[PDB]
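S.K.: Read off the chains here:
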Amino acid sequence: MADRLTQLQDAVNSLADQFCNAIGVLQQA
Amino acid sequence: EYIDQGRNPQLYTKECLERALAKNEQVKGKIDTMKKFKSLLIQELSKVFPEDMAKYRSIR
Amino acid sequence: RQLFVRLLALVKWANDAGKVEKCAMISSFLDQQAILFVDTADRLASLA
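Chains as they are written, first to last, in the deposited numbering: chain P, 1 to 28, 48; chain G, 69 to 128; chain I, 99 to 146.
One thing to keep in mind: the hints can contain errors.
20 Å max Cα-Cα, derived DMTMM-like pairs, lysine to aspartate or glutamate [as the list claims (entries may be wrong)]:
(1) 110(I) - 72(G)
(2) 115(G) - 10(P)
(3) 106(G) - 10(P)
(4) 117(I) - 83(G)
(5) 91(G) - 119(I)
(6) 82(G) - 129(I)
(7) 104(G) - 10(P)
(8) 115(G) - 17(P)
Note that these hints are calculated values from the structure, not bench results.
Here chain P stands alone, though its shape is the one from the complex:
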């Protein structure tokens, strides 16, 4: 494959995971 879509989806998933972790840590070793 080696297309831009793969890296785009990877970056989107990473950003979503970072946002979820920030939301979880903001309302909480």
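Please arrange chains G and I on chain P, whose structure you already have, making use of the hints.
M.R.: Below, chains G and I without anything else, positioned relative to chain P:
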């Protein structure tokens, strides 16, 4: 309700003082969390895009 | 006994009448701040 309870408002005053202390502690914790989040965002910006870091450091 | 209790309550309310209002205002401000913080946190969580 406190008058019909049969006691004075001194217990309510102590409860309000404890609530104020707890609110101050929670505000301090929230400020510390916001500062940590801002530091993490600044670090991510410096490691990703130096334009935003330079803007926040000199332009703001 | 009931009249003595009522007089004690009235004295405790009159000796700290302005202080009671100040404490009520402080408690209301703290509750409003906490509610606003909780609402902002919930909105941020729902948006993120």
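S.K.: Now tell me if each hint is right for this structure.
M.R.: Here is what the structure says about each hint:
1. 110(I) - 72(G): holds, 14 Å
2. 115(G) - 10(P): holds, 18 Å
3. 106(G) - 10(P): Violated, because 25 Å separates the two Cα atoms, which is more than 20 Å.
4. 117(I) - 83(G): Holds, at roughly 14 Å.
5. 91(G) - 119(I): Distance of about 19 Å is within 20 Å: holds.
6. 82(G) - 129(I): holds, 17 Å
7. 104(G) - 10(P): violated, 26 Å
8. 115(G) - 17(P): holds, 18 Å
Checked against the numbered hints above, the structure violates hints 3 and 7; every other hint is satisfied.
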